[PDB]
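Structure incoming, see below.
One protein chain is absent from this view; the other protein chains keep their places.
By letter and in written order, the chains are A, B and C; residue numbering begins at 1 in each of them.
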Amino acid sequence: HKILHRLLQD
Amino acid sequence: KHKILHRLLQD
Amino acid sequence: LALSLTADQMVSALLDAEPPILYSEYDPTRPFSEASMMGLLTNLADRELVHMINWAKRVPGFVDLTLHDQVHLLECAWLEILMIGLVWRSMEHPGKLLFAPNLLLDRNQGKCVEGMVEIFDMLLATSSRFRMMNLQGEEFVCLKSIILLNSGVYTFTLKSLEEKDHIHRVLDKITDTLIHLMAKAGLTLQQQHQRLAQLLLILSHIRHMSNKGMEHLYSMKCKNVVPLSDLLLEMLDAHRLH
Partner (left out) sequence: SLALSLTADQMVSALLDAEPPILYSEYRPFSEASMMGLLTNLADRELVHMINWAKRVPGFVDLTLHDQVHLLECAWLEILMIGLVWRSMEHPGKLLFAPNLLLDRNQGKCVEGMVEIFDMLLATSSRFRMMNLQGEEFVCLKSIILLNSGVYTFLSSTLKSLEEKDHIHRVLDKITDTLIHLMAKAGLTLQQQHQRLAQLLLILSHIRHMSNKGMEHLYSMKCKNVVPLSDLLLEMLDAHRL
């Protein structure tokens, strides 16, 4: 549930 | 077979 | 013919074609189980389907279609139609789904059916959207008719593409009728197109719920939780779940 979170910040 | 719905659509 | 109806005559026809609200076979002597709750909902849905078939025949344009195309549209849309009905009946019962007048359930109650509470939450959400938007009954019967004609239209030799064109013309009349209602209700021109879009976008959510609904019903059928009527088995089979 976190790779997407990471792409959104990145 | 003859579908039940197809028959109900005629009544 | 449907295309020569005015807006007012379209609304009149759809209000008149409305099926009744049916009672559940709810037996309050015993507690619910997964099987008993699912038995109640499937028995209700099965009785409601017979009235729906008779309602569909009264939706303008529907009887011009061949029996095969009528069958396909109802097979595609039946659960969407039951669901929009339910959300409509539930509007003025915040937190609850009015399956029937004697079967008014909150989310906790059908947590007792595995995988049901997800669907229930979506249905309550929709009912809340409708309440907030203040959906009117005349708008509701147009939306229900749009679902019948639209959901199976894109999955339809030469008789094919006149049948598809007839459907799109009737759908255009139902748009015309929606805008007319909104204009008569005093909405501005910009408010009219904004509300039309808001209502039609809800149909995507209704499709979604129906899809999730169908997969749950299939899983219930496949775990032998409840016996389904021969009619429901065939409607469910059209969605060809796997």
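Criterion: a contact is a pair of C-beta atoms (placed from the backbone, for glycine too) under 8 Å apart; a residue touches a chain by one contact, two chains touch by 3 or more.
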Given C:6, C:9, C:188 or C:194, the residue that touches the chain left out of view is C:194
Among C:15, C:67 or C:125, exactly one should touch the missing chain; which is it? C:125
Using the touch definition up top, pick the residue from C:6, C:12, C:136 or C:175 that touches the left-out chain. C:175
Option touching the unshown chain, where C:29, C:155 or C:157 are the choices: C:155
Name every residue on subunit A in touch with the hidden partner chain. 1-5, 7-9
In the whole complex, what residues of subunit C lie against the chain that is missing from view? 121-122, 125-126, 129, 146, 150-151, 154-155, 168, 171-172, 175-176, 178-179, 189-190, 192-194, 196-198, 200-208, 211-212, 215, 240, 242
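Definition applied: only the chains that are shown with their structure count from here on.
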Chain centre separation (subunit A, subunit C; CA means) in Å: 37
I'd like to verify one number: the distance from the centre of subunit B to the centre of subunit C, where each centre is the average of its C-alpha atoms, in whole angstrom. 20
Mean-CA-position distance for subunit B and subunit A (Å): 52
